[PDB]
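**Q** Following the hints, put chains B, C and D in place on chain A, whose structure we already have.
Chain by chain, the residues:
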Amino acid sequence: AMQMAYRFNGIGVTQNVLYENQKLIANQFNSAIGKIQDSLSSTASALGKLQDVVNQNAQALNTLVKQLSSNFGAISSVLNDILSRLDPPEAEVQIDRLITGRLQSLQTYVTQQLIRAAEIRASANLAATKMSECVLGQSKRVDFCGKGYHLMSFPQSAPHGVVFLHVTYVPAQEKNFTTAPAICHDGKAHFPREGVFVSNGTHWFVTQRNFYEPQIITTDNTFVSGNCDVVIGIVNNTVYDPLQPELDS
Amino acid sequence: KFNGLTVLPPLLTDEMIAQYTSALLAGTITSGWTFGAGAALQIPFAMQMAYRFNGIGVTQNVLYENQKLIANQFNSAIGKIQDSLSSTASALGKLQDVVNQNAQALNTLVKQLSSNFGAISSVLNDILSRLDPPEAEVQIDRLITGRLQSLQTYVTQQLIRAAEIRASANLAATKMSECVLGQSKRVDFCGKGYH
Amino acid sequence: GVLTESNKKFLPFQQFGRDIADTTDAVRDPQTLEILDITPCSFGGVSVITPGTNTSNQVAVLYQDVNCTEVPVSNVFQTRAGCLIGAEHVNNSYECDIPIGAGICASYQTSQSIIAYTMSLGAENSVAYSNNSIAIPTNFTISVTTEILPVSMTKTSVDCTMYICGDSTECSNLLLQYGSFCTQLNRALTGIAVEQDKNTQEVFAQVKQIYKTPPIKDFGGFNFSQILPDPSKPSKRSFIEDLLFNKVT
Amino acid sequence: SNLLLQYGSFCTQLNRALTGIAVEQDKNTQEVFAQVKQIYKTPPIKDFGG
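Protein sequence lines correspond, in order, to chains A, B, C and D.
The authors' numbering puts the first residue of the first sequence at 899, with every later residue one more than the last.
The authors' numbering puts the first residue of the second sequence at 854, with every later residue one more than the last.
The authors' numbering puts the third sequence at residues 550 to 622, 640 to 676, 689 to 827.
The authors' numbering puts the first residue of the fourth sequence at 750, with every later residue one more than the last.
One or more hints might be untrue.
[Claimed, not checked] Below, in silico cross-link-like pairs of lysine-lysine (BS3-like), each with a Cα-Cα straight-line distance of 27 Å or less: (1) C:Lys557 x B:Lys964; (2) D:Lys776 x B:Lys854; (3) A:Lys1038 x D:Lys776; (4) A:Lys933 x C:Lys557; (5) D:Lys795 x A:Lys933; (6) C:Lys825 x A:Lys1045; (7) B:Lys933 x B:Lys1045; (8) A:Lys1045 x B:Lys1028; (9) B:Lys921 x B:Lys933; (10) A:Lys921 x A:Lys1073; (11) D:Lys776 x A:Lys1073; (12) D:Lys776 x A:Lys947; (13) B:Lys1038 x D:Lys786; (14) B:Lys933 x D:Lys795.
[Stated by the list, open to error] The calculated label-pair distances, taken between Cβ atoms and stated as ranges, are: (15) C:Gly798 x B:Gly932: 53 to 61 Å; (16) A:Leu1012 x B:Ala958: 18 to 26 Å; (17) A:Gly1131 x C:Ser596: 56 to 64 Å; (18) C:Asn606 x B:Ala958: 39 to 47 Å.
[Claimed, not checked] Examples of chain A residues toward chain D, derived with CB under 7 Å: (19) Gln935; (20) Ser939; (21) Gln965; (22) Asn969.
FYI, nobody ran anything at the bench for these hints, they're computed from the structure.
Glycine included, every Cβ here is placed at the ideal spot set by N, Cα and C.
Isolated chain A (complex conformation):
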């Protein structure tokens, strides 16, 4: 639970969100795992990339082997026949044609395999990056490790290639509000130490930027800068002082 609280705090959601919604997030994560299991067990077309790799290689091999049965201009494609039908003074010519052909076929096959291998290596370096940056850490390269703000990851092998389960994070239910970039409390503005200003119509609140949680405005989450004539859209308010209840008693 503490690792998860840290991984929240890494995307600007103060962990109290987590430790106060532990069971709810537990059930969300479990249900997500379940839907993944069902999706994998139902749709055979989830593994398109790996299936395509395997099929490409099998196709290449099959055309390569099929080439052996082609004349390329010879009087036959069964080497032994030419070797058992013609005296060397002509078998030389025929087998020469066949060798040139089959050799060219081999050569093209090798070139194709080279290029495809370079492609796979590019994907493999990408995989290594994803592993070292999301499995072993936590990313901020938005949309590198799954749509949404990112939390963790879990490798799971698969035949000739890896598979991740990017545990991302996505906000859902929204609320219109009335924001304002500053607050002029004594002529001197007051910007927020973190997160937007908001109000619901009559009382002004400061809050985070990814999980609406209101906080009355004390002088510790707001920092002053100059005076309130240069800001545009600054709106009046009161900005309470926390030290008064201590001094008055």
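**A** Just chains B, C and D now, with coordinates in the frame of chain A:
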């Protein structure tokens, strides 16, 4: 051009591409990066800009206390860009090079059709209308071997160039998803300076 | 071609015409002098759209780069990519199922027939921007995506001589002439091979030890049983790895 | 056509490679631009802070 060298049209027509880039614009402008994770949440622009400042360790009071100045700076920058594009035709070097490489390859390919490769001609119909089959077989065989080899070379060149372009396109997708839809911190990924 | 009359000013000593790449592009009639164009009449590969045969048997032939007049033959429908026989046009706009080109995507919808139509991009939505309107989420949600990256492939390797010249003296000899055409091939292929195992090493061996999780799985409530290996398994793959190893054939 | 019927799949594998190239092109553009699920549109009043 007309020897069977068809050219299929792109799937997304240019107007669709335009609507897409407009979508990205309007999202980036009204909503910020939120439209990359979840559902786009509106937020006034100056506040989005103050957040993008605070992203590079410049407390936002800088922004809200220099709004007009920064506004005029951004406008002037846009103007200089417009002029630079409209004046120097050599700004589009990479794209023009892609197009030219493709057209050059194609022209080499089509020109090959006129080479003897050792045959007694290159006009296939002549040897087809001059030689009896017992020797037209030999001539046409040489011509076929030649042209086929040329075509294979063309395909290989296309393949490697396509791998190149795909590398660039993955770089592009990355740059899009990390700088448009967000704000990068990989120094000197998105232009000299803090981004 | 289609011998159409030309307006190319053949200077009276000129006989044929040509183009950028040595293509006859105007001629002179030898009986009665006059100059006329040449253009070879259209071709272009037929393409056969189809929904899955496991659903229907109605096809939609699409002729490529042809005007809908030379197509010999219903419900012909001319588009930007060619003449499309077999689909009734549609005013609606849905996503793409079987792409065609220049914004034409086909489908099998509703007593049913293939329809072609101009594709959509998503429900147009407007953000109610306003210089004092902010919209902050109240409730999050966790997701789990799935990313499938290839890593390695079939580490093949080919014996040049047995392929090209399987078990014959004369063929081994006539291959002794082409020099190093064998050895360089196997060199390239073993390069591919060894770098395959380098790929796997990089992707997976990011960790220097072998860790093992304790028996008590008190993970704050979360449930990893589907991804953590099971002892009772024959080979200690987890559950989801197990689903995966079966999808691929 | 006959004398090319002798060189095996030297015809099919080419068009296969080129078709791979093409479909890959369309996937390229898909990845680059289709990063957004909806289609947004900006309001009529452009009061963008200046």
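**Q** Can you give the numbers of the hints that this structure goes against, from lowest to highest?
**A** 4, 5, 11, 19, 20
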